Amino acid sequence: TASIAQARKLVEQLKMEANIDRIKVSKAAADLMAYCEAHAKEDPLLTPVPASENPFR
Amino acid sequence: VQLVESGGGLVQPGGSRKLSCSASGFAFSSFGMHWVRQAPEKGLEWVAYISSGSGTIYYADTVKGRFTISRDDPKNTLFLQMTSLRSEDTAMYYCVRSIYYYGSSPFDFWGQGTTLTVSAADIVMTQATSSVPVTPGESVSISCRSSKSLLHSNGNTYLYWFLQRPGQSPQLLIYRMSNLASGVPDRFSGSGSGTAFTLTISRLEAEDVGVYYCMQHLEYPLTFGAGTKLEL
Amino acid sequence: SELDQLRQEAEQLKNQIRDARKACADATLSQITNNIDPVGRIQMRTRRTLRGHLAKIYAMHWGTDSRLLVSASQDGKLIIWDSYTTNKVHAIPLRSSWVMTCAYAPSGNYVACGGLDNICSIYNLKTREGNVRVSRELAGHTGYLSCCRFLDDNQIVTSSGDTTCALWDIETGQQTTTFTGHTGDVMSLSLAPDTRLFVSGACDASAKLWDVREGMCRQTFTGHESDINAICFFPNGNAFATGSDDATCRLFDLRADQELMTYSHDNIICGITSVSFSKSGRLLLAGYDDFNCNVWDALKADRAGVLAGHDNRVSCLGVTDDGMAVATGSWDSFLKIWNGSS
Numbered sequence: 006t007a008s009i010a011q012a013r014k015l016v017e018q019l020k021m022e023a024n025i026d027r028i029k030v031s032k033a034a035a036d037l038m039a040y041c042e043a044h045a046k047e048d049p050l051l052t053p054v055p056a057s058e059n060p061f062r
Numbered sequence: 002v003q004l005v006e007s008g009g010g011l012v013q014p015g016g017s018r019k020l021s022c023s024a025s026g027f028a029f030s031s032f033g034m035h036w037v038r039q040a041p042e043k044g045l046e047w048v049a050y051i052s053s054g055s056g057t058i059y060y061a062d063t064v065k066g067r068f069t070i071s072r073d074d075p076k077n078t079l080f081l082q083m084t085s086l087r088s089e090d091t092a093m094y095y096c097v098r099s100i101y102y103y104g105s106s107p108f109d110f111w112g113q114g115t116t117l118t119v120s121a137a138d139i140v141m142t143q144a145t146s147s148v149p150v151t152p153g154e155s156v157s158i159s160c161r162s163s164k165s166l167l168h169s170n171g172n173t174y175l176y177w178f179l180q181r182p183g184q185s186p187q188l189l190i191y192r193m194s195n196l197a198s199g200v201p202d203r204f205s206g207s208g209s210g211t212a213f214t215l216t217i218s219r220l221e222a223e224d225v226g227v228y229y230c231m232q233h234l235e236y237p238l239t240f241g242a243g244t245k246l247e248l
Numbered sequence: 002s003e004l005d006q007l008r009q010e011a012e013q014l015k016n017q018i019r020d021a022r023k024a025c026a027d028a029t030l031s032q033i034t035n036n037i038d039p040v041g042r043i044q045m046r047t048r049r050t051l052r053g054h055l056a057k058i059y060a061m062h063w064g065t066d067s068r069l070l071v072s073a074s075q076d077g078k079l080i081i082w083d084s085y086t087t088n089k090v091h092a093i094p095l096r097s098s099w100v101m102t103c104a105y106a107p108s109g110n111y112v113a114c115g116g117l118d119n120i121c122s123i124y125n126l127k128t129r130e131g132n133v134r135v136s137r138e139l140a141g142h143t144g145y146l147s148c149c150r151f152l153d154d155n156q157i158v159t160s161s162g163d164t165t166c167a168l169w170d171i172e173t174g175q176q177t178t179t180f181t182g183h184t185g186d187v188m189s190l191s192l193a194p195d196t197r198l199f200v201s202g203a204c205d206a207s208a209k210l211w212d213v214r215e216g217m218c219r220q221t222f223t224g225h226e227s228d229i230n231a232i233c234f235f236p237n238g239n240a241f242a243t244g245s246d247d248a249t250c251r252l253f254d255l256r257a258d259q260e261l262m263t264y265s266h267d268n269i270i271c272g273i274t275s276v277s278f279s280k281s282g283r284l285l286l287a288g289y290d291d292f293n294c295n296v297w298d299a300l301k302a303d304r305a306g307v308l309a310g311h312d313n314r315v316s317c318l319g320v321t322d323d324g325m326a327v328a329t330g331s332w333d334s335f336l337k338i339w340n341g342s343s
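Chains as they are written, first to last, in the authors' numbering: chain G, 6 to 62; chain N, 2 to 121, 137 to 248; chain B, 2 to 343.
Chain G with its partners taken away, still in its complex shape:
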């Protein structure tokens, strides 16, 4: 009878997943905006660098 053991281990896993400090989306979505804004100039696909600097010219 492995069903009881599987149910017990799933219950323990869900227990360990439930007790997690979760932050608010509004305070977590703004971090992605901050990261994308702070690295906009260093991205050579979002803001392409001049053709004299592309190694794949």
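Just so you know, the hints here were simulated from the structure itself, not pulled from any lab data. Each hint should be verified, as a subset may be incorrect.
[To be verified] Distance condition first, Cα-Cα at most 30 Å in a straight line; then the derived BS3-like pairs of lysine-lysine:
id	chain 1	residue 1	chain 2	residue 2
1	B	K280	G	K29
2	N	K76	B	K280
3	G	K14	B	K23
4	B	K89	G	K32
5	G	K29	B	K301
Given the structure of chain G, go ahead and fit chains N and B onto it with the hints provided.
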């Protein structure tokens, strides 16, 4: 990895001799193979080169049309057929291996050398000093200069540093002027401005004594420097 | 009796976590990033076309120097390209031609491959003999190999089709840790930038975030309606995006423990075979089975540019470490290198 050569000896002027370089311990068919000579009490001098698969062959201007170099992949042996041997060809001939791909280390292994004794436009690479008395525990910089800038358009500065300990084959230290070869301690360091180059040893050892050679690989023929000797 | 009440307790626990996730969301990624400037069309030109493969390409990985890339194909060949000059540095012949993944070590000395043989073979590129030879064949997986990523030169984490991910010690060949908890075949995994965690997407429409050191899953993410085909971390390591078979991508936030944005369009009904993030995390690219490869704007879910020149299903997709280029591989045996120009 082992490179053993045979065929050297005393040859009358105008005669012929055949040198065979027997490679063992590595994939010989994938390594370009050079021949480098060293006249007695003098510096190194490039002789010939054959690529992997024998596609490309080069010769020095002093030797072009007189020697022929060939390789034999199934037997893992490299040949150098000599004709019209003259008194200026007496030298210690080294068999060198070099594999060329992005990030490789050409000229990394040298054979023990075979002695041949005959009875009786190119980039100029200059080493200012011929002998430097040194003591262990200090720092020494070896200075070399080139007639033409070695920094290519792609960003690679094709200069190599070789150390020839007394009674031993030269050993690759730094390839492309900054990259330290495998098996070489980190005390060696190289830097250059594209025309002027230097090699610095942080802390001398008893095994760092010998002659240091600077070699360019920007284009053929390959030219060595006069050599800087380190003595205790 | 016992199992019935245990499963009722498990369902109540999952309901509790569901309502916690619902409560923790004040808003969505739309209204927070509604007034930001749109990216605009991203014109990307095929600079290099790395021809040479003779069968469908299933995976590729960019080197740490953003110049060398390894590509795996069902030809039975692992090829390392010089993406700057379109040169074949190495062509490793694999023992088994059914290869579904490949990896490039962060140091660059090693590559890995695996597939239907359940074995993750590791090859030593830099050898004194001058050739490339397999150093360690890791065995212990029951299902096919889906993804493998290098922790260090000695640790590699692999995800298999037997619902298990595993951490390996290459010098010994034994699984240091085995990760369990998935119910369906695991198809991809993405190591964190901090390297201390990694997520894994499986065929059960779920993605689990694990801990390489502790050894068991921390968080689980649901939302997809079909198999998860490829996954990738956000560059900061606090988010990841999944590409599923139901023609939608999703951006999950580790700290918020729930999805933030979905990238779907009514024109595309094909599934996302591969996803990748731009160096700034602003452009999420995604290889589709429609032979195309869209370029989604992560913060606004608005399609911006298409890498349409592939003629067959795009199977792999990789953005360089410096973001200079995006290579894409496909079942027509050709990789293409892309980057925008002004």
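Here is what the structure says about each hint:
{"no.": "1", "hint": "B/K280 to G/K29", "result": "holds (26 Å)"}
{"no.": "2", "hint": "N/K76 to B/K280", "result": "violated (50 Å)"}
{"no.": "3", "hint": "G/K14 to B/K23", "result": "holds (25 Å)"}
{"no.": "4", "hint": "B/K89 to G/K32", "result": "violated (47 Å)"}
{"no.": "5", "hint": "G/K29 to B/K301", "result": "holds (19 Å)"}
Violated hints, in rising order: 2, 4; the structure is consistent with all others.
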